[PDB]
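As structure tokens, one chain now follows by itself in the form solved without this ligand.
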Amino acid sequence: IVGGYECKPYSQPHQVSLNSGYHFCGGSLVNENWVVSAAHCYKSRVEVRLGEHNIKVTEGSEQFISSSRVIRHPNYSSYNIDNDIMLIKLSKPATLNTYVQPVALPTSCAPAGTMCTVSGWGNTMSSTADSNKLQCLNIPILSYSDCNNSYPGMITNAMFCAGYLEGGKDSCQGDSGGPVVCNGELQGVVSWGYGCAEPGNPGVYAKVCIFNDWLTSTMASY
């Protein structure tokens, strides 16, 4: 996260770290058994780390749970990074508590100009922010027209842009798969962009609200 601030610890208790020997992507707990992340973060098995603030220090709030299932959206495409959404089933349920709480799936698609929060342990491009401590940033949803204008013909129905076209504030490498929360619901998944925090190149997010039927049907299986 570029141009943000250190989150109040555990103020984003749905935020998880996906780990394969090291942090490589974020995700969001959506109930005690499932995490939503980005398809481009796929690995066939991952360790989900919940209850984190400082991913380098053992704080006593953590739960580390291996995945049992990693499910890419069936129509994920790297041409465009389209349908950039994945479900991770936990091999055992998470214990919900002060530090670990699921975020709700959207009851609507948030409109342009809605202010949201994005968070992660990705690159901060900053001499004073510490990516080891979960970072937070408030970003507004941009219009489809501004989004498409920034990346002509690459913005599909499954994407939205959010952030600041003037630059300086954005999600970045290592934030991928993490949440965009708007009015307390998971509206976005950190997906792609040209660079980070560059003028005219806003962040692009998977648009969770149009995936709800795929998400809930997939989670209904056991």
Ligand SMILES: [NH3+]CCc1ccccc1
The other form holds:
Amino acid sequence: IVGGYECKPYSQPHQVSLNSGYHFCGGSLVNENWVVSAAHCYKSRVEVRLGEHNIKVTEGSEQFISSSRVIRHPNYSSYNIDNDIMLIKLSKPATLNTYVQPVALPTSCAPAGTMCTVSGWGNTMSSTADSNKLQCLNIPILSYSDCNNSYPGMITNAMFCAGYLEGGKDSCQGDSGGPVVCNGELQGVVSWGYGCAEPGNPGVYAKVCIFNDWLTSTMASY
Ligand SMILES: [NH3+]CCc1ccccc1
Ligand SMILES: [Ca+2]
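Target state, the form deposited with this ligand bound; input state, the form solved without this ligand:
In what comes next, the whole complex appears, and the chain from above leads the way.
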């Protein structure tokens, strides 16, 4: 996260770290048995780490649980990184407490201008900000016109831009798969962009609200 601030410990209890010998992507807990992330973060098996603030230090609030199923969206495509969403089933249910709590799925699609929060353990491009400690940032959703103008012909029905055209504040490498929360609901998943925090190149996110039918039908299986 570039241009943000350190989150108050455990203020984003749905945030998770995906690990395969080291941290490589983020994710969000949506209920006791399922996690939502990005299709581009796919691996056949991964370890999900919940209840974290500093990923390099044992705090006593953590839960480490292996996956039993990793499901990428059936229509994912690398040409334009379309349909960048994935579901992960936990091998045993998570214990909900002061440190671990799920985030609600969308009751609507958020309109342009809405302020949201994005978080993660990715690159900070700062000499004072420690990426080992969870970082937070507030960003506004941009209009379709401004999003398409920045990336001509590359924006599909499953994407939205959020951030600042002036540059300076944005999500970055390592934040992939993480949450974008607006009005208390999960509206986006960190997906792609050209560089990080560059003027004229805002971040692009997967649009969760249009995937509701696939998400609910898929979770109805155990
Ligand atoms: N806002 C850009 C986020 C991003 C950048 C590079 C790789 C993956 C995700
Ligand atoms: Ca820790």
